[PDB]
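Enquirer: Each chain, letter by letter, is given below.
Number of protein chains: 2
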Amino acid sequence: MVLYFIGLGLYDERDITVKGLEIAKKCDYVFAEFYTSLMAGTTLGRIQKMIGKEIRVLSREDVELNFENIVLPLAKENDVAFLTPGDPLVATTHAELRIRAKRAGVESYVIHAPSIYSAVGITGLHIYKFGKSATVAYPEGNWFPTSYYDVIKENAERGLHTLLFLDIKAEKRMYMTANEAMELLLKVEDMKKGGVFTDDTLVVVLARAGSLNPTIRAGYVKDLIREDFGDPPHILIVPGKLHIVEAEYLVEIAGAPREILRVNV
Amino acid sequence: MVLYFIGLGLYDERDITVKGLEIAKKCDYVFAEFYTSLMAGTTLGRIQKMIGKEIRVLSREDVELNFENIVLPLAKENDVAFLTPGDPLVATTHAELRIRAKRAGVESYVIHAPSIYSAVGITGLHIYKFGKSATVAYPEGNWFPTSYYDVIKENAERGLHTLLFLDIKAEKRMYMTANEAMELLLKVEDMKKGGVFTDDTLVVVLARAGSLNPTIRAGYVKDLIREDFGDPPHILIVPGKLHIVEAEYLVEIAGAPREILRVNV
Ligand SMILES: Nc1ncnc2c1ncn2[C@@H]1O[C@H](CSCC[C@H](N)C(=O)O)[C@@H](O)[C@H]1O
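As given, the protein sequences belong to chains B and A, one line each in that order.
Residue numbering for the first sequence follows the authors' numbering, starting at 1 and increasing by one per position.
Residue numbering for the second sequence follows the authors' numbering, starting at 1 and increasing by one per position.
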């Protein structure tokens, strides 16, 4: 009679919380989706071994179109767990799944776990200073989307940081790299010329947040666009004007050039 | 000789990630602070019992003024852990402690945990639509803080949601409720008269996130300002322009008045 939304965390199978692991172990059925994101630091096998339960993977369609035909029926007479990378209900469409549960007379509880939204604090940037968030998407055929550019503009002009998720084709495990994101933004800057993203723009790259050895780099596009940040996933951030303390952290921890202490503060 | 910043999570001892627990168990010395937030679901005991070590709790003073005198010295020849509520680097100034660690020649690692910052997802409001965040601070003597009122105005003008962290004075066992925050806001609205926060403003209250039964309520200030949301911690959210599915979740899951289902686009 109960459905548990459980977050798996940031990077590997140990990123789940003690609460989520113990509850998952007690569940009769366990589902998981890896289309909204991927636990790049682990495997389904390791997650399964860690929980000691068979895990049925669901596709985007399984969830969005048939959640009530696949997951909810079993929840009416058993304890069911639905695992997702990061923190549950962060992905835009997941919150409404709880409405579906209610409509089916199924009670649901949420078990939180680390999310990149909060994990980016490791970059040293003050969390309250983040503005609207966006996703950098690959252009396709005749479609060249650019809203993520306007988002950066709207945030920066108010002294706010912009968290940029990079395009992912999880089914094919194809990651957009920070380098590609920068190249794309420079291209968008070249058509719109709003003085938002240039070679002089300061940016921060966060790779493999959650692992014990993440890659935290800060600097100007002209020096980072060709730098190697390692394996995905990559997260890009275009900071607004920095507080001296933020800049000192980027310099001491993220290897940013001393120049930011006078140019971006 | 390493220092670990480990988050304990939102509500109780089980909100710590498995990664954090396994590392905490193998540390020689364990420190912690409980002034940056309130974990109303646990005690130090369960944490110590869970970790198997004795934990020395530090005051804001011990940390902000003597961290390099109390903690760092030990990390020079031992593996030390510093525990904090939620995620250690979210809405705290703990990130600066990593700089001190560096300057003292001590390597530090960050182990994330579920944070109130990403838990807002359980309110049904799209997390990417959150703009700048702010804190409703206790007025002290003649000093009456108000900047948080401007943040709401700025976000609302852009149709973005506003996350309002609530003040806390751990040494005085004072934890600001969503009610107290609403009163302070009406007072600020009374003197600024910007039509930003009134009896007709729609707000959302999230109390004790992380617990299995958090209080999630949405409605007009006039109706919620006198409502009992249970024990702290509490956060207050002032939504911006609502998407249809956000409104439906608020109504179906947070008990908001059906009339908010009607969105004026
Ligand atoms: N479980 C919870 N429920 C509601 N509000 C919470 C909360 N945990 C923290 N807060 C809010 O945030 C304030 C502490 S700010 C420190 C936040 C912490 N590092 C984190 O990652 O969550 C509290 O005064 C309260 O307003």
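The set of hints was computed from the structure by calculation and includes no laboratory data.
One should not assume that every hint holds.
Copies of the same chain look alike in the list, so a pair counts if it fits in one copy or across any two.
[As the list claims (entries may be wrong)] Distance condition first, Cα-Cα at most 25 Å in a straight line; then the derived PhoX-like pairs of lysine-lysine:
1. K192 with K26
2. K192 with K53
3. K187 with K76
4. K222 with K192
5. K53 with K26
6. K102 with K25
7. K153 with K241
8. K169 with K129
Enquirer: Give a verdict on every hint.
Expert: A quick look at each hint next to the structure:
1. Proximity of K192 and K26 under a CA criterion of 25 Å is satisfied in neither setting, with 54 Å inside one chain copy and 54 Å between copies.
2. In this assembly of identical chains, the alpha carbons of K192 and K53 never lie at most 25 Å apart, being 52 Å within a copy and 57 Å across copies at closest.
3. Within a single copy, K187 and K76 get their C-alpha atoms no closer than 50 Å, and across copies no closer than 48 Å, so neither meets the 25 Å cut-off.
4. When the C-alpha separation of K222 and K192 is checked against a cutoff of 25 Å, the pair qualifies only within one copy, where the shortest distance is 19 Å, while the shortest distance between copies is 45 Å.
5. For a Cα distance limit of 25 Å, the shortest separation of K53 from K26 inside one copy, 9 Å, qualifies, whereas the shortest one across copies, 28 Å, does not.
6. Taking the shortest alpha-carbon separations for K102 and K25, only the intra-copy value of 24 Å comes in at or below 25 Å, while the best inter-copy value is 40 Å.
7. Taking the shortest alpha-carbon separations for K153 and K241, both the intra-copy value of 12 Å and the inter-copy value of 20 Å come in at or below 25 Å.
8. Proximity of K169 and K129 under a CA criterion of 25 Å is satisfied inter-copy only: 23 Å between copies versus 29 Å inside one chain copy.
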